[PDB]
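Between the sequences and the hints, there should be enough to build the whole structure, so can you do that?
Chain residues, written in single-letter form:
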Amino acid sequence: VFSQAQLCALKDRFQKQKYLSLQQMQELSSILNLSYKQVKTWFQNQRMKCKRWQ
Amino acid sequence: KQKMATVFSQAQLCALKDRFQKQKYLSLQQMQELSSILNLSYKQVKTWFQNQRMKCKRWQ
Amino acid sequence: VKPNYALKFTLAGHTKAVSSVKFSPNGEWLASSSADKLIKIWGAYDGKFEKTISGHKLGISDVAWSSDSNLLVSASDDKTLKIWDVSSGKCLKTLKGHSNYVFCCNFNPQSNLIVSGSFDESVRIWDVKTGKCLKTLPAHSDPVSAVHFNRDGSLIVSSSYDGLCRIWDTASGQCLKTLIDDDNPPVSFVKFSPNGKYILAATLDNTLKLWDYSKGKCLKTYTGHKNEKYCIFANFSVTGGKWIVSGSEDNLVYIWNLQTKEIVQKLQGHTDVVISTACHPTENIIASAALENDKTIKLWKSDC
Amino acid sequence: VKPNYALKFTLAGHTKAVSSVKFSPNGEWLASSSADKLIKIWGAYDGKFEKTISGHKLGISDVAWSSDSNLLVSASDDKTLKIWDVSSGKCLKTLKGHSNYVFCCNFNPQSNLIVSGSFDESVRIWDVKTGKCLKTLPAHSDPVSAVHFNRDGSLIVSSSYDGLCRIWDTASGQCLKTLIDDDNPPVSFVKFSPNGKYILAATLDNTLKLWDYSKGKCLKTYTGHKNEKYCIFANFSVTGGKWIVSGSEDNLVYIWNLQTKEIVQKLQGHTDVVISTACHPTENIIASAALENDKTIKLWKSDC
Amino acid sequence: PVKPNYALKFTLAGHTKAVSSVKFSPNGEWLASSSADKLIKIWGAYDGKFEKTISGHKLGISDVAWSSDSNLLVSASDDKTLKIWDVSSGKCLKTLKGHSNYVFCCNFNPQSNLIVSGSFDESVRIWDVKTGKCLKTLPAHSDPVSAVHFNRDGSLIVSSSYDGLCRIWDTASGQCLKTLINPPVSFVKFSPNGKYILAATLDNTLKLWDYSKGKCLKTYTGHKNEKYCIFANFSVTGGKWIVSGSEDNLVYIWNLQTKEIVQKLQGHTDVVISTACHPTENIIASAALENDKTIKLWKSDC
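Chains as they are written, first to last, in the deposited numbering: chain D, 102 to 155; chain E, 96 to 155; chain A, 31 to 334; chain B, 31 to 334; chain C, 30 to 210, 214 to 334.
Hints listed in this document are in silico derivations from the structure and should not be mistaken for laboratory results. Please note that the accuracy of each hint is not assured.
[Claimed, not checked] Using 16 Å as the maximum straight-line C-alpha spacing, the simulated EDC-like pairs for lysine to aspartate or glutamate come out as follows: (1) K119(E) x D107(A); (2) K259(A) x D211(A); (3) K112(E) x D172(A); (4) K239(B) x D280(B); (5) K152(E) x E258(A); (6) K272(C) x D107(A); (7) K239(B) x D199(B); (8) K78(A) x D302(B).
Below, the structure written as structure tokens:
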């Protein structure tokens, strides 16, 4: 579970960059006080929603 | 910088002005139909309307 | 050699752009028109607010005085002109006939006629006594930017974005002269000189030109100001030195020596395009008016 | 020991008598209020109009700035004060409570409080941050003509047509001092000295007086002007030489030497009562305003 | 005011590598210069007289900035730190640690209780001046950050980056309130009244934006700027100018409203990376790169 602010940031970045580097996800997780695994997992799941084709 | 009468026919300009006197804002669809009728490009018609609305002004 | 015009009055009543300012022929008053649909009357020497005239349904682009300083005519985007009694502020008549915006208007010296120019591409001559339209001239193939009578009212000059200046015989409605120039720049303003032998025309290439319309000869060109987008009034100043006066799209009033073509003074103070200027009939006073980001009239004074 | 104020600009626009003029503490703006229900914002000394503030339903008798120049408060015959954000022109809050015209208003130096006097014979203290009335003082037995905070805001002074000047402790609202001149002539205006040790009182017998309100002793008397019918502001000028400034019912601005009580300059220009003057916080500049037959604001600059 | 007449009055030498920034002090007395030679130097604003050398940073400095009272400086360096300096004593009062790569840009807010920094590590940091502690780290960009600037009342921060974004931030909360959107954004700053934003992109273009409406109001061209992050300025002392350096070694001056080039200042022998306008006098300072290593002072009558 993420806070309102934390989700706000994640979605903001996702809108600007669908794929973050390994370094960027680590850096970003520290800034938001999230684990690296939480951030990477959030981006992976975010890329899976709302598909019209594979 | 040269007059549109050097690229458009007199029949085309009279037809454009006739519409502009009745409405100065044509829908995208109406501009396309007009360009079709006049044998002009859609861009040419859209440009002509934009420029015509800008002509005689005392304020913005 | 130069004038020394200095800010003496700011007049702030209009809630939108001021379109036109005219001095009464008797020199007592200033009338302002505005996009806010109002005319305002001001004391010409004290700046004192006098009166608000209302009635138009859309913005007003022009106003003009009758010779006796008792009447006004205004030109509105509501497709009408109106004749007002200045003393009571009452509309005496609404001149209906134009099929689009009316942009410019003027009485003849006798003030039994009104000339009007319109987006409907026609010039119309109206009877001040009855209110009825007397003539409809298919004057131009684009909006008419200015209409002016000459010194004795036998002639009308009109100007248009079609690039033409036309001289008209008032009595007959016929056209004595069409004036055209290189690369057909839109003509944004025109007026006769006070002696009536010349014509002062502004084109949207940052240029005013003095023409002998009889020979079609350009005698004087004035540059340095900015005029590419708006129909800006210009004037002959005669109370002191002989000047050409104009507004400009860089928020300045420009003054030139008419004969040498040199800028002699630039008036700084407005915060938007100076669309209108007017020269007082007997004193060295200039009125100037600016657009939406300014909304005010200014009166300036000089020793010559 | 003589100023040399000369007319720079005249500002017109109000459609009725101008009631008040105040310079912003930061020296950048001039505010005017009028019986035409409007506040107008001008540049301090560039002649340039900034915006019109609207919302009161009857005429405005007074307006005042907050210490940061961001806020205005106005007093109106609609029985309310309004707090305005100057930048947006927005009304942040309408202060309701008085039972009659609100005649005078002022921020305290901290600008967390507003004091108001009213025709209802009371004084009110309002919390700037919330808009709530904190205290209602039964200040007087006649309409309240002026209210003012001292330099540290610990004290308020009020004046009334009852002929009294009263000193109030801000925190408790208790009356600390009642001052009355010989005869109890109506006190039309009052304010503290910048040093806060004195009080400057106008009385409708053509007199201004400087009082040591603690000792009850009169220190200076200023006469020569006409003041019998209207509540006319008065100022300490402190940017150049130490002057007293006031309008006068003979259409002049009077300037006195604070020490010698002698008149050192009279300003001619206005054509009706000069109801209001203000002194620029850092420049030797004065603004004046006048009643119905004038309706203009004038700016004057001196070398000292 | 048609055209200004800036003229070279002084050439200030001393730096041993490229100069990276120059800033007049808000009291108009001093100019400060930063350099790849790891040094901050203080110069007399009106006479160009060398005053003092401030040392301490272990690697090159990109940017230096004055406090509002003119008594403090902040520097951004390749040693990943920012330093706060006491100008009179030259001593380092605080070393701001937290960025993970080069710090490129820095600025005090008008109150000067905060410092905003921007870094190659793609973030923006907000620091408490009194304690030297980092209050916030904005995940601002996805490429190096080129510029950071507070608005007139300090409520807003604008940031620019190689990632092509210019972003507006709420100082208090750290939330992003606007993104103006692609070419890299090399410099950015608020207008003096805070209504406008001036932005430099690496397509040889400067633009004046209204952030409220998000419209481009003015576009200035003529100069060369495809590689470096070159400051631009609002000159407000006389005529209303826009001042920028250029990669053709000249200082360009445009009239704010007509967008027309009014003057080009010749004299540098390398890219002009930084320009600065004196707060009360018609004076311009400019600084060039390694083939030059000098600061130049120009003066105009308007």
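Structure-based check of each hint:
no.: 1; hint: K119(E) x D107(A); verdict: holds (14 Å)
no.: 2; hint: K259(A) x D211(A); verdict: violated (19 Å)
no.: 3; hint: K112(E) x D172(A); verdict: holds (9 Å)
no.: 4; hint: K239(B) x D280(B); verdict: violated (19 Å)
no.: 5; hint: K152(E) x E258(A); verdict: holds (11 Å)
no.: 6; hint: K272(C) x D107(A); verdict: violated (36 Å)
no.: 7; hint: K239(B) x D199(B); verdict: violated (22 Å)
no.: 8; hint: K78(A) x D302(B); verdict: holds (12 Å)
Hints 2, 4, 6 and 7 from the list above are not met by this structure, while the remaining hints are.
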